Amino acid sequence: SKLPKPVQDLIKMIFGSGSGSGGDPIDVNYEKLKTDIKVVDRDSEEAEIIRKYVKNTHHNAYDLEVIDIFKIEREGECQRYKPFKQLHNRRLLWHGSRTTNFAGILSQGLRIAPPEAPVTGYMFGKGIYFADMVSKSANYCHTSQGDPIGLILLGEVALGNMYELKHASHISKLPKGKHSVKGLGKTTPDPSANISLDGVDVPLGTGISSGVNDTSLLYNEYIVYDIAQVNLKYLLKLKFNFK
């Protein structure tokens, strides 16, 4: 395998041996992801922006520490995103998931739960859910004290005109001219620190009080209902440091 070590370690992490796992070399599993993966240089400004994003948008439970930052390009996704690439309000947002899902997530992308599934466990319907604060997303890694390494995505999400809710709707259907849902949290990143890569907003202000009174959520949530509104950009490998 010519692939860089961090990339090889990641491949190992999300496929894992044992059973029908004594088999399949690194490069074959990599090609299986239908994804280009490059290591973001630790010294890059890209890396600095991302570490600031992690550091600032994070209390109690565990301590997050970045180990590796990967730039990812899933086959065909950028071309799929073109419909929404010139739609106002695009943000770089977090998506955590458990490691065992990342093989599927990288090869198939993030997907909309099938229409037949029941509506419980979908606070804002069957969509793709993001956060503007890593701590929120990082709980969905379900990482343990025993294996305290986790994977979180950063995706460019084309939110457009948001539909702003303080409570669960449980439906996947938006009013006319709304393209996404913003779950309104108590805490929000400080807008005076938000910067703009590309024309994509990176909300890396330190968490402050949002002023929103009557609400269930500690943190904002963002939900889109069309896979073409998501363009995955980075994958972070994170050390969780517990108590």
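Here, rigid core means the biggest group of C-alpha atoms that superpose within 1.5 Å across both forms. Residue numbers count along the first chain shown, from 1. First, how it differs from the form deposited in another entry.
- No residue in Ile149, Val119, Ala103, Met162 other than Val119 shows a CA shift of 2 angstroms or more between the two forms after fitting the rigid core.
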Second form
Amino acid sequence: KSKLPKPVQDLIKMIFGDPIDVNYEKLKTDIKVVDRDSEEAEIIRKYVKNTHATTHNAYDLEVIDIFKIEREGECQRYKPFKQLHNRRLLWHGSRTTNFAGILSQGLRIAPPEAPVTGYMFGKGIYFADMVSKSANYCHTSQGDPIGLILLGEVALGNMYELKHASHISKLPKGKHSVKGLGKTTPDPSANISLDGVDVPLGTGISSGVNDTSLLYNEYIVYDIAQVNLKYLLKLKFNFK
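The form deposited in another entry, contrasted with the form deposited in one PDB entry above:
Since only the chain itself is given, any partners or molecules it might have are not part of what comes next.
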């Protein structure tokens, strides 16, 4: 018999497809349900509502549960970047079968033997400011319509801003991350601050960037320590 709250029990069953509380401990992650009533929940629901891209029209999203997460050791790992400027709360989607690994080991960079296919700025950890760009990476379907998506605090610092694929060998001097510039951006005037982290939850507007290969922004870091995972959402995909 589990002593976890029912939403966390259900999350564990989804991730592991052993007793629930034994499986919980394997994640080496503290997981808390965010109260629907709360400021954090209001902000997160607004981020989901406002940043669904117009071209991702095969589905709408409904937030089922919001969890606050703290991986073992991440406070001390993130410490060197915790004071860097330009820390942003960004989306990362992945298949449900990857989440046991993501929570226990954190987000990782693809190893040498993995293909670079799909990584326009080379192997790194990729994030979006548009929920639906990340949600596409959950590979949900009508038949399997529930997915999981992360919100990470990402220590971007000075961004190396690019408009075309380039598998850079090294970041330029003084730069901490890559940003791919999209044609569409959340309205910067609507950014808010949550616990010292910028949240780009404005509705999508034209960025005014020309000569770019990207419809929407993306953000890449090349050091696993630049990521502090903060929330995990369970999303319902309603397909049209």
